[PDB]
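Once you have looked at the hints, place chains B and C on chain A.
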Amino acid sequence: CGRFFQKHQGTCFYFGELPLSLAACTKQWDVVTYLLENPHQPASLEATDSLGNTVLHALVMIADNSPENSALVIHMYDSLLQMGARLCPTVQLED
Amino acid sequence: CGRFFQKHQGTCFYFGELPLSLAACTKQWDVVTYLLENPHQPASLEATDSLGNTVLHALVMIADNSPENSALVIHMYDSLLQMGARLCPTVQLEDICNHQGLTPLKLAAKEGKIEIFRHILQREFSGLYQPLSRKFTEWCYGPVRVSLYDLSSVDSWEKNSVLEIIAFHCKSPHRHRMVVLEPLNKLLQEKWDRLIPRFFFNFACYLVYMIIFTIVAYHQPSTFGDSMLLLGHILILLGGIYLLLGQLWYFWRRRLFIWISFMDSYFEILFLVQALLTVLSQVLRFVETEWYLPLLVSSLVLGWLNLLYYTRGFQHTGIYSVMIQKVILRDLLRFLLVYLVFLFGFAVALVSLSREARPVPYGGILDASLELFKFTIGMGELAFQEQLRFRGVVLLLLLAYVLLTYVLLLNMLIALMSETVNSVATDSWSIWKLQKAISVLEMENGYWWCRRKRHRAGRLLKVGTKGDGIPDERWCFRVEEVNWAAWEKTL
Amino acid sequence: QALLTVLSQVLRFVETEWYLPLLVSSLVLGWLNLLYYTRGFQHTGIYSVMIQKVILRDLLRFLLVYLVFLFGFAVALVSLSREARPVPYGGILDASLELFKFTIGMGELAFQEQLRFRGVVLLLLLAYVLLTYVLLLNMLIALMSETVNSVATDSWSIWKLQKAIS
Numbered sequence: 190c191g192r193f194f195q196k197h198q199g200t201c202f203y204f205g206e207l208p209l210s211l212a213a214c215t216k217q218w219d220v221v222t223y224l225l226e227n228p229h230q231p232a233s234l235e236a237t238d239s240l241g242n243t244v245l246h247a248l249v250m251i252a253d254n255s256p257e258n259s260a261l262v263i264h265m266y267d268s269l270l271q272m273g274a275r276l277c278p279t280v281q282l283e284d
Numbered sequence: 190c191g192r193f194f195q196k197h198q199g200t201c202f203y204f205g206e207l208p209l210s211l212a213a214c215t216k217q218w219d220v221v222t223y224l225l226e227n228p229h230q231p232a233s234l235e236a237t238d239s240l241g242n243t244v245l246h247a248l249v250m251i252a253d254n255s256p257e258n259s260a261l262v263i264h265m266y267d268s269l270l271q272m273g274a275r276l277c278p279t280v281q282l283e284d285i286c287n288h289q290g291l292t293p294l295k296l297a298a299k300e301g302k303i304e305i306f307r308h309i310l311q312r313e314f315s316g317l318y319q320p321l322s323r324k325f326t327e328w329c330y331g332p333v334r335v336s337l338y339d340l341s342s343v344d345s346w347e348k349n350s351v352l353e354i355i356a357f358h359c360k361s362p363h364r365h366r367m368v369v370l371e372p373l374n375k376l377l378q379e380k381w382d383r384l385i386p387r388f389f390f391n392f393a394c395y396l397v398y399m400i401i402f403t404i405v406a407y408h409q410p411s423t424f425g426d427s428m429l430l431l432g433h434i435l436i437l438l439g440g441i442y443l444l445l446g447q448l449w450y451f452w453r454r455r456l457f458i459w460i461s462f463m464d465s466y467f468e469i470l471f472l473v474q475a476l477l478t479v480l481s482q483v484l485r486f487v488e489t490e491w492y493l494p495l496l497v498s499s500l501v502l503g504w505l506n507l508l509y510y511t512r513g514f515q516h517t518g519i520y521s522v523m524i525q526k527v528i529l530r531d532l533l534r535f536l537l538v539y540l541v542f543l544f545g546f547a548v549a550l551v552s553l554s555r556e557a558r582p583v584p585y586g587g588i589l590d591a592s593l594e595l596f597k598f599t600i601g602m603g604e605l606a607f608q609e610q611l612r613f614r615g616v617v618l619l620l621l622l623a624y625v626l627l628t629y630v631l632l633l634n635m636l637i638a639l640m641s642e643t644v645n646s647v648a649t650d651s652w653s654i655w656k657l658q659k660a661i662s663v664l665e666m667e668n669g670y671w672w673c674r675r676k677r678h679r680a681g682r683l684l685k686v687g688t689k690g691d692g693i694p695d696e697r698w699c700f701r702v703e704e705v706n707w708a709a710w711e712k713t714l
Numbered sequence: 474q475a476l477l478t479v480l481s482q483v484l485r486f487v488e489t490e491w492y493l494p495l496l497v498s499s500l501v502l503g504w505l506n507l508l509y510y511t512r513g514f515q516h517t518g519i520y521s522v523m524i525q526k527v528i529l530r531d532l533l534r535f536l537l538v539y540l541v542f543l544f545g546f547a548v549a550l551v552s553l554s555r556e557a558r582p583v584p585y586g587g588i589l590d591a592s593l594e595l596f597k598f599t600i601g602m603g604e605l606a607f608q609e610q611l612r613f614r615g616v617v618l619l620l621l622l623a624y625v626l627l628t629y630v631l632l633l634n635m636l637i638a639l640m641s642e643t644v645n646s647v648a649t650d651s652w653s654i655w656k657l658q659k660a661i662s
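Chains as they are written, first to last, in the authors' numbering: chain A, 190 to 284; chain B, 190 to 411, 423 to 558, 582 to 714; chain C, 474 to 558, 582 to 662.
Pulled out of the complex, with its shape left as it was, chain A reads as follows:
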């Protein structure tokens, strides 16, 4: 949580203030998988930042109306939802 990472009118870039959120926002599917089933310390997929946004919220925030950005956001959202189905099936991330 820093001025460069908080969302405001300036020279910032909001991604969710979470390493998993940063990995998801940067079209890096190789690290997202490794962050979730690493034996040592898995990263919770329902984790939240100071603002309250989650990974799906962070994906929504960085979304634009550009075709490539929209495709990236849609694909990452679907992949993250499908992965969350196979890790925490007793809780839904949409709600």
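Hint data in this document are derived by calculation from the structure and do not stem from the laboratory. There could be a bad hint or two in this list.
Said to hold, decoys possible - Simulated pairs of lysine to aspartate or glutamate, DMTMM-like, Cα-Cα distance not exceeding 25 Å:
(1) B:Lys656 x C:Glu642
(2) B:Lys712 x A:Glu257
(3) B:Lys712 x A:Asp219
(4) C:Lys526 x B:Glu327
(5) C:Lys597 x B:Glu696
(6) B:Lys360 x B:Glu371
(7) A:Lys216 x B:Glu704
(8) B:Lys360 x B:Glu490
(9) B:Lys324 x B:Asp426
(10) B:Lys375 x B:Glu313
(11) B:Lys597 x C:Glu604
(12) B:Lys375 x A:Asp253
(13) C:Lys597 x B:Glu604
(14) A:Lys196 x A:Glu226
(15) C:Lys526 x B:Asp650
(16) A:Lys196 x B:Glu703
(17) A:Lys196 x B:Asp284
(18) B:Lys526 x C:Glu594
(19) A:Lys216 x B:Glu711
(20) A:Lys216 x A:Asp267
(21) B:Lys597 x C:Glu594
(22) A:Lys196 x A:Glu283
(23) B:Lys597 x C:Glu642
(24) B:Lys656 x C:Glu604
(25) B:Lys712 x A:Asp253
(26) A:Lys196 x B:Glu327
(27) B:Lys597 x C:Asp590
(28) B:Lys360 x B:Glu313
(29) B:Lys375 x B:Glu488
(30) B:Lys526 x C:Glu642
Here is chains B and C on its own, set in the frame of chain A:
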């Protein structure tokens, strides 16, 4: 150097009057290389012709807006620059003063070559030939890019900048497309955002001045009141003198601008006329001449119409004034010509055939024209004059004039403006940006009595190192932009 | 409208002369308020949407330029209408009224013989008439012609949004 090789209006072909320039201009890269590292006698790459142009200048001169020509010129320019990097690295070929005192960038800006201008303004190279670049990248954390455009001889802080050349020296028809491409863009917006206060202060001063003008012109004769009237009159005289001096200084400073652009300003001449009329009326009052009031009233009208200069501060109304100008210039004059010819032709006729005694209308050439203009406005008295037995001829003439004028010319005028507005709705924004750029450039200087200090644009930043010693520094202009397509390929 | 109606009703008890203007203004505003309920049909709701777009896009720039021009000419005609060689253009209110009449199509463009500034007054009147009635109004027609064609595409979605809000 011959008549066929000198640049003029004829059957000539200018290439630079140098064998190396000829080789470069003819897309012959095989001979250009051999001319530079031949052991016997190498050809200097910084050589100049009689006109003063160099190889890069010659490439700029032959440049057009055609895609193939633009590609050829760009490729040859880049290749020649890269070669000059490896032959004479102690001297840069970009900074070569022409006889008229220009560089390839300034020459391209003046001649109107848009494509080579945009290429030179934002050119980027790879790791090799890194110093020979204008656009850079400081940090690209995530999908955001920080572009560092070079502000060398393009910032107004220098005496002869590219912006000033574009504004006041370029005679190309569509020169407004150069103030909306890259760097020159953001820079002008940032300058205008800081020059807002002075612009609106000048507008407020002019508004107060003309408010005083109107109050004085209203309360005038056909004590305290006389004292206030005298104070207002002397204030108006001083204001008119100030405006006259300012306009005279502007015209004297930019004498070679009226011929280049006789209508792009359109308001400095109007301000000059208004100030001259005000001063003339004020000085003529002392002569006690009856024509004081008409001059004062005309000056008041012109000055009150002059407030539309200051409407170029908003996105919405500046374009409106631009379309006003386009409509006035494109289809108002042809209609006026045809209308005046038709009106005179009919007025002379009605005057001639209005003398049969079987006050009378159409007594003179002034009355008939007035009646026809009334017909145009919607107040024409189309009646059946019973005092002369040419009733039928007069009525038929009136109907013939009415049909073709009120039913055909005016409706066609409406249609013509309907076409013109749709046609010029695309380039009006660029013309407004050019007008704002001209206003910013004029406000960068001070008044005729106080020269403002220039504030240098951009900032000095670490950009590479010169290939012969310690790092070099140049002034850049940061611009951040969030692009995902640019970011997604570099992975 | 409701505030004006209530204010007029309560002011009647005070026995104030300005009861009738308030009541009449409230009546006008309420009768114009019936165009809210036209957003129930495909045909007229879009018409009201284009009405709003035309009012917002090109009605205000024209009004600004027109008011500036009208004031500039009215002050002039008032100033130079005092030569004795009732008279027209006596005050700033009369000259503006005459210029508006010119705009409507009822302007009395005559040759006033009671003052020897006939030429100056006539030239000023002609200069005002040309640029106003021949240039600004026709250009306004063209501007609405452009605006209607431009907003003919998104008007349906705006009408759907209005219906959704309702």
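Here's how the hints hold up against the structure:
For the hint pairing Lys656 (chain B) with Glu642 (chain C), the CA-to-CA distance comes to about 22 Å; that is within 25 Å, so the pair holds. With a C-alpha separation of about 11 Å, the suggested pairing of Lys712 (chain B) with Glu257 (chain A) holds against the 25 Å cut-off. At most 25 Å may separate the alpha-carbon atoms for a hinted pair to count; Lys712 (chain B) and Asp219 (chain A) meet this at roughly 17 Å. Our distance criterion of 25 Å between C-alpha atoms is broken by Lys526 (chain C) and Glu327 (chain B), whose separation comes to about 45 Å.
For a cut-off of 25 Å, the pair hint linking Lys597 (chain C) to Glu696 (chain B) is broken: about 68 Å separates their Cα positions. With a CA separation close to 21 Å, the supplied pair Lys360 (chain B) and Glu371 (chain B) stays within the 25 Å bound. With a C-alpha separation of about 19 Å, the suggested pairing of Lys216 (chain A) with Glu704 (chain B) holds against the 25 Å cut-off. Distance check on the hinted pair: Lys360 (chain B) and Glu490 (chain B) sit about 45 Å apart at the alpha-carbon level, beyond 25 Å; violated.
Distance check on the hinted pair: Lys324 (chain B) and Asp426 (chain B) sit about 66 Å apart at the alpha-carbon level, beyond 25 Å; violated. Proximity of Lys375 (chain B) to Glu313 (chain B) is assessed by CA-CA distance (about 19 Å); at most 25 Å being required, the pair is judged to hold. Only pairs whose Cα atoms come within 25 Å are accepted, and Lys597 (chain B) paired with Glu604 (chain C) is accepted, the gap being roughly 9 Å. At roughly 23 Å between alpha-carbon atoms, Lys375 (chain B) and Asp253 (chain A) fall within 25 Å of each other, so this suggested pair holds.
Restraint check for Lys597 (chain C) and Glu604 (chain B): the C-alpha separation of about 17 Å stays at or below 25 Å, so the hint holds. Distance restraint check for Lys196 (chain A) and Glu226 (chain A): the Cα-Cα separation of roughly 30 Å exceeds the 25 Å cut-off, and the hinted pair is therefore not satisfied. Pair hint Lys526 (chain C) plus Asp650 (chain B) holds up; C-alpha atoms about 23 Å apart against a cutoff of 25 Å. About 16 Å separates the Cα atoms of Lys196 (chain A) and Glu703 (chain B), which keeps this hinted pair within 25 Å; it holds.
About 44 Å separates the Cα atoms of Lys196 (chain A) and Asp284 (chain B), which puts this hinted pair outside 25 Å; it is violated. Under the criterion of a C-alpha separation no larger than 25 Å, the hint pairing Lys526 (chain B) with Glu594 (chain C) is inconsistent with the structure, at around 29 Å. Restraint check: the Cα-Cα separation between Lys216 (chain A) and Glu711 (chain B) comes to about 8 Å, which is no more than 25 Å; the hinted pair holds. In summary, the hint linking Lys216 (chain A) to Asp267 (chain A) is supported, as the alpha carbons are separated by about 13 Å, within the 25 Å threshold.
Distance hint between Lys597 (chain B) and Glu594 (chain C) is fulfilled; the C-alpha atoms sit about 15 Å from each other, no more than 25 Å. Between the alpha carbons of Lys196 (chain A) and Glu283 (chain A) the distance comes to roughly 22 Å, so the proposed pair stays at or under 25 Å and holds. Restraint check: the Cα-Cα separation between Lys597 (chain B) and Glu642 (chain C) comes to about 30 Å, which exceeds 25 Å; the hinted pair is violated. Between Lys656 (chain B) and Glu604 (chain C), the direct Cα distance comes to roughly 42 Å. Violation of the 25 Å bound is thereby established for this hinted pair.
For a cut-off of 25 Å, the pair hint linking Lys712 (chain B) to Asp253 (chain A) stands: about 18 Å separates their Cα positions. For a cut-off of 25 Å, the pair hint linking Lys196 (chain A) to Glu327 (chain B) stands: about 21 Å separates their Cα positions. A distance of roughly 21 Å separates the Cα atoms of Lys597 (chain B) and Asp590 (chain C); the hinted pair therefore holds under the 25 Å criterion. With a CA separation close to 29 Å, the supplied pair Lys360 (chain B) and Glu313 (chain B) exceeds the 25 Å bound.
In summary, the hint linking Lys375 (chain B) to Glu488 (chain B) is not supported, as the alpha carbons are separated by about 56 Å, beyond the 25 Å threshold. Between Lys526 (chain B) and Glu642 (chain C) the alpha-carbon distance is near 15 Å, which keeps this suggested pair within the 25 Å criterion.
When each numbered hint is compared with the structure, violations occur for hints 4, 5, 8, 9, 14, 17, 18, 23, 24, 28 and 29.
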